[PDB]
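Engineer: Chain residues, written in single-letter form:
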Amino acid sequence: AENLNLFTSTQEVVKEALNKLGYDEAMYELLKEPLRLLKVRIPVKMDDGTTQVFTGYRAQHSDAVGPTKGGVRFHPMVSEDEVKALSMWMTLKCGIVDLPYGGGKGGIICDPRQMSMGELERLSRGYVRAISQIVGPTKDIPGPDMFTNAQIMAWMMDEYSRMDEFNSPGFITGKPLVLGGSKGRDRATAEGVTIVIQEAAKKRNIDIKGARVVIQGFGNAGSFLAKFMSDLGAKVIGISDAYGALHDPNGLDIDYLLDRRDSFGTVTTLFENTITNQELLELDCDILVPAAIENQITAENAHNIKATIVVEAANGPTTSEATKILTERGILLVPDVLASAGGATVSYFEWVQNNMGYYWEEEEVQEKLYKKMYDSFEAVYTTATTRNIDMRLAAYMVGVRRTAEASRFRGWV
Amino acid sequence: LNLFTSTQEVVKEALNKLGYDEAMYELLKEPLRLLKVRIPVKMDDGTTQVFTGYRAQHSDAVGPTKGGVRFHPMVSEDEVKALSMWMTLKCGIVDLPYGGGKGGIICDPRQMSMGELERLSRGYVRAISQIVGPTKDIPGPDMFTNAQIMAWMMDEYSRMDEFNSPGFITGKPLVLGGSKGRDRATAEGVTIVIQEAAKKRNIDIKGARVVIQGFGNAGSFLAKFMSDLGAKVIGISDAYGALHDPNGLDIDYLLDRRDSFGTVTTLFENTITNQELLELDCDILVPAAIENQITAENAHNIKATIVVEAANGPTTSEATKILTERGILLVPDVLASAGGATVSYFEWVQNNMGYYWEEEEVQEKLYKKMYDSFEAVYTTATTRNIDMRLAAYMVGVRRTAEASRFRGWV
Amino acid sequence: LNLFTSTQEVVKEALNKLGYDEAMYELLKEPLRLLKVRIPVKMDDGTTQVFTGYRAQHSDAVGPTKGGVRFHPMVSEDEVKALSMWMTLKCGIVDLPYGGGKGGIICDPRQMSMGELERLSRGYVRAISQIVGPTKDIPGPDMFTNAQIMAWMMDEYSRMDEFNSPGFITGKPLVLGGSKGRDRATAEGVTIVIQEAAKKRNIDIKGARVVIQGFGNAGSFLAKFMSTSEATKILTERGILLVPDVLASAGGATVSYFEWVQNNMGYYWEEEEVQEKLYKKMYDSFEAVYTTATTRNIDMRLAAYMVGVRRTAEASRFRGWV
Amino acid sequence: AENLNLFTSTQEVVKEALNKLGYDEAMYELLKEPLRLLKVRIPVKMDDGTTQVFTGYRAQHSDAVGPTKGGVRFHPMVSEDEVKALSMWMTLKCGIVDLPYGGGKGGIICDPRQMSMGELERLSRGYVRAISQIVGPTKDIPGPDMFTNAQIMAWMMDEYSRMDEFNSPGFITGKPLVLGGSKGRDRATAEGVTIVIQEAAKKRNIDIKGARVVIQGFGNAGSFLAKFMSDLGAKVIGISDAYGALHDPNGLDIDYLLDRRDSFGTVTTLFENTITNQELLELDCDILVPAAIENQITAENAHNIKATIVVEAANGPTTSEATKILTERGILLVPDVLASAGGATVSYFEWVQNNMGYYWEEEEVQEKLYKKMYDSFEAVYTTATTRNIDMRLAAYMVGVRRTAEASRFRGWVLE
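Chains as they are written, first to last, in PDB author numbering: chain E, -4 to 408; chain C, -1 to 408; chain D, -1 to 225, 314 to 408; chain F, -4 to 410.
Extracted from the complex, chain E is given alone in its bound form:
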């Protein structure tokens, strides 16, 4: 059928981005794979006294523009090719919001749901130990991702600080505020999505007051996003978690759903009448925002989507063949490398505050974040409509342009 491989799909779009920007084959050969990939084995002493050895990855795509940036995720399904692909997305993310960053990513093949606080801390410290030679505040700056949070950032920051013999808060982002974290971090991604949703609505003459929104997924990003749209006067008509979906044409009570909400963001289990995820994606609405897993809009349902605007809050919600379909149909698609750039942008701000040793207040971070998301959306949208190309390809051109120019300037090509 169609290509669901995340790594080769990203390469195919990056090849076309570099082609439309005028680069020859050498530039693609330099960017189609990360410059560095470190596979690592971490022995960890478990609570029962036994020893478990975990496989970890740290990928570094390109440090042409600056140090690399990207979070570390703990999941049993972490794979090498997924880490490589996600690090390229980080290059594209940073290029879109014009950060002095290259792309990086990390991952550990493990199940934290089956581990204790003491075991996760020792795995977290053993991860920094195993990769410390190629990371640092000026080399490679991790952050939170799937199943990692501020508490794990705190251990990784402490472990790196111990080996360095001084405090290095710039090594890692997403930290607790007391350890040099940044205000506005928890809501960074949902804020950027909210900004980009507002701009897409302007470009299609949709008023947020009364706008019908459905959001797939009720995690950290999906729930924060549901509360922002509710506060802006929009009707969040569709909401889902991993187990099911509920829907009301006049607007659900987001405050009711957020109160009795699971620690994993599960609420549909408390209801008798649910409507599942396959149907929620095909609901009638103005704005459809997937914020769950990947490959939810996949050609088979791409023609059945009733939204006029689709904003990728999660990673890889719609396949390549689906973006093609959604484009012919006239839907305004906002790619994930642009829509979810708010997380990278505030992480960047945290790293800058660590560099200076001087920290910004809530209003300053939000003002800086808004100008970034606003200018980035205009650049991607202008490129797409001007060149008559889809928004994902247009976003990859905006995102990869700086790394290619830097690679050529530095003599790498």
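Hints should not be assumed to be uniformly reliable.
[Claimed, not checked] Okay, derived cross-link-like pairs now, DMTMM-like style, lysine to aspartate or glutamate, Cα gap no bigger than 25 angstroms in a straight line:
1. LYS363(C) <-> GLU160(D)
2. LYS366(D) <-> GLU357(C)
3. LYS134(C) <-> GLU154(F)
4. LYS363(D) <-> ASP370(E)
5. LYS363(E) <-> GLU362(D)
6. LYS40(F) <-> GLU24(C)
7. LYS40(C) <-> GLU24(C)
8. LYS134(E) <-> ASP76(E)
9. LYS10(C) <-> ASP257(F)
10. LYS40(E) <-> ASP159(F)
11. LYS134(E) <-> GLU160(C)
12. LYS134(C) <-> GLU358(D)
13. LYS363(C) <-> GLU186(D)
14. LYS363(D) <-> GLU160(D)
15. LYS230(F) <-> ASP257(F)
16. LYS27(F) <-> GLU20(C)
17. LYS178(E) <-> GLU359(C)
18. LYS363(E) <-> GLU358(D)
19. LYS27(F) <-> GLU359(C)
Rather than coming from a laboratory, the hints here were simulated on the basis of the structure.
Given chain E's structure and the hints, the job is docking chains C, D and F onto it.
Structural biologist: What follows is chains C, D and F alone, placed relative to chain E:
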């Protein structure tokens, strides 16, 4: 141990009120690192003296450690340990990304030449360099040290490093990376704490009645600054006597006829006593440098809505116990005097960037830090219904305790 | 006519009128460190050519040294030594936390290839790396060097460092941490100097007639923006206000200092913000030299030498060097 | 009463030794206290999930001759004065056997007998992290001491190597052989004491075969020394541990006791009929070897010692007043700073082998060790005979000599 064990109890009392267990106190009751050092120095005559130096680094959970270096014959290990722990609370009060540091050398600077003080300054840096630096432990001035001693220490560290490291030490001259707006940083800090306490009690500053004890460089500055803002200062005092006159007192004229020691009351025949100065009819009262002026014996006699401690423990804990039960707004010294630590922090941020702020921008950033610090302590004292001194202790220690928990130290 | 000795006479006079001892001159009359290096470069024809390069560091009393690197067949050791001293004076006029440096390579870049220029630049960075860096000595562009040579040098230092070091060198392209507003930095710098000279003479700019003598590059921009030993003392008798080269050209050193500050933070300013700080710096610098020229009753050429060397002499006294 | 403080006791002998060598009062002011003393607090997660905070020390006496050298002990009675005097021991030890080292020492206030394997590992790692800024293969080289061993050395070596991001075997000595340790290091202390006993026996004309030897202590030094002496044909009539002592005029069965020894060197609890340590020290014998704790021979028992040769294997087992008494009674005393130099000597060999990445075998290490201990006994003995002073003072003069010369050369002291 007198000051040190007292400081240990301050930490235990604040941690107990915040809700931490015994292990948190066992981590913070003693500095994580204490370096005792012996420094050989060639004296002018050709002989060699060996001095005892100290560097205490209380906790670097929040960030690099920060605190001054004093040259004094009475420096002791327990004193530098206690004082570094106070730097932790100070930095926590103004929410600085700092931990508590402190250093000291046992010597008599008045009996030493300028070259001997320099060579002693360089040997001290050389002896503790392994554990200090712009990202580890940032020293500064204190008793008997000045910008020149800071300049000598900045130079020796940059020599060892093979590159200029102005962020290693604060209090440097302006041509070596020092900060503008530093001279009256502590005194102007107390000014911001007085005005903010006035607004908490909804007191008009224009007609406000102010009483100030002591008339040295510290108190006389506050007297002018208050009258300059239009506040009506009704009482001053010095080492010998005190003067009380209602509806103002023309501070500009008192500064005119002031002695080089700060003695102004030997030029008046009918002068009121210093004990009467403490119980006047004023909105705002600010004690003097000496300690124990407000005690349980005269605590109920205070007739002021606001009291700002501006000098290391002028009121006893029982006087604080009584003043706070009477509903009086007391301001501790650790909160009011945090302006100097704040501006020393700014010098470091400017040294981290290589970019330096104008004087007015320094003063604008100093106001917000003092403003937000006052609101934080007042909010904590109010919410928990405790005196503002204990609340200042809790705000000062909270960040270090939370950071130690996050990093797995406990 | 020797540039090095003539520069030494400049510094000796400024220090005496500022009131320093002759031991301060002996410390400042020569750079604290001068590195002469020989660079093997593999040429296109397969042969090897060994070039001579210099790196002068005048004084790091105020901070890290700053100064561009020139590629020219006439580069000489006395030229780069004196040029580093002029960088100390320039940085002191705009009150930058810098000392003076300068580099040069005896080569003819017009007779060299694009690959040979890259391998010569890399060999230059390799050869002097031990005494340069973002905290020691920060090079930049000069006579026949530009943003591409800066990029090759930035890349080489970063490779040896094993991490990106944008702050090592200025004049870089934007995508590598370069600064906005560097394009017309010196040109806008001369524009500032002219306007503040009109307010001191109480002259309205709108009704002011303008005469320009440049036939090269900046004068054309200068016209659009508007729309010696014995000669300097002649203009002082007539009451004319002369602005020296070391002051009106400091806009180049000012924006490359901004680029370095942004590389220190990893945070970068937009063009209008750079113009804002660039205006204030040339504002104060002209005022500082104007105060010195009038308060001390001397010509402006010597006034600028006193402002530029003051901060270095004071820093050297504080650190215990003299 | 008598001065039982180990730190101030050493200072006076160091002052008197530097005086006889003709140094100025400034040299004593430079060497009377360590140049560097780091006091440290180490948090450790215990097995029950709680957190204990321990106190650590690392004294660096003088690094004028080279990097500072000395072990780390784990004992609930360790004090700041103790590790200071211990570091000063090490300076004089290295000078006596002419090692390119200065003196250093460390200790942690804890009770290993009450801690698990995991808790000792986390404490050992916590101790390296706490002092890592001032230690290293070129700065300060730790090693084994009381209640520490090759396993704790291995944990501390691993912790330092991870912080440096590469293997640093030269950071710490007493390592297992697989981690770059040296052959002969395990028994180095007892072997150096053995060589010293043979040299003292010659000058007293006492044959080792048949000599009556008693040893206080049954730890690493006491255990090996008991077997070293019984193999050489000596009657080990006296043995003791932290709880009692055993006596047998025919010579105790050392192999029997070694087979039944605790992890901490305890064996006398298995016996009904034991004597105390005070009676152990006053037994009639030829050679008395204190290898237990400090201040065992004091003014109250110095007159009651019946051995003709006293060899101090432990650190500071006899007091200053007891030294004077023992000397005036014609007893041949071999000071701790000389007799116990075998451990630091073979540790030094281990460090050289770490420097080169090339390792020696037992016979090579054993040949180098004997030359050092033999030459060092002769130098200290000749000094005491030529200058007519007690052996401890002579040993301090020999051991303090190189540090004072280096301090002068490096410009640290006047003239």
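Engineer: Need the status of pair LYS10(C), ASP257(F): alpha-carbon distance at most 25 angstroms?
Structural biologist: violated (41 angstroms)
Engineer: Take a quick look at whether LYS366(D) and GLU357(C) sit within 25 angstroms of each other, Cα to Cα.
Structural biologist: holds (15 angstroms)
Engineer: Does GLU359(C) sit within 25 angstroms of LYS27(F), going by the straight-line distance between their CA atoms?
Structural biologist: violated (52 angstroms)
Engineer: Is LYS363(C) within 25 angstroms of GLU186(D), Cα to Cα?
Structural biologist: Violated, at roughly 31 angstroms.
Engineer: Tell me if the straight-line CA distance from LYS230(F) to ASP257(F) falls inside 25 angstroms.
Structural biologist: holds (23 angstroms)
Engineer: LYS363(D) and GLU160(D) were given as a pair; does the straight-line alpha-carbon distance stay at or below 25 angstroms?
Structural biologist: Status violated; Cα separation ~33 angstroms.
Engineer: Can you confirm whether the C-alpha distance between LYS134(E) and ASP76(E) stays at or below 25 angstroms?
Structural biologist: holds (22 angstroms)
Engineer: Take a quick look at whether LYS40(E) and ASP159(F) sit within 25 angstroms of each other, Cα to Cα.
Structural biologist: Roughly 22 angstroms between the alpha carbons, so the hint for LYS40(E) and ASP159(F) holds.
Engineer: Please verify whether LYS363(C) and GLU160(D) have alpha carbons no more than 25 angstroms apart.
Structural biologist: violated (37 angstroms)
Engineer: Quickly compare the C-alpha distance for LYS363(D) and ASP370(E) to 25 angstroms and report which way the hint goes.
Structural biologist: holds (24 angstroms)
Engineer: Run the distance test for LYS134(C) versus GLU154(F): straight-line Cα separation, threshold 25 angstroms.
Structural biologist: Distance of about 21 angstroms is within 25 angstroms: holds.
Engineer: Would the hint linking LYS178(E) and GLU359(C) be met if the CA-CA limit is 25 angstroms?
Structural biologist: Within the cut-off at roughly 23 angstroms; holds.
This entry does not satisfy hints 1, 7, 9, 12, 13, 14, 16 and 19, going by the numbered hints stated previously.
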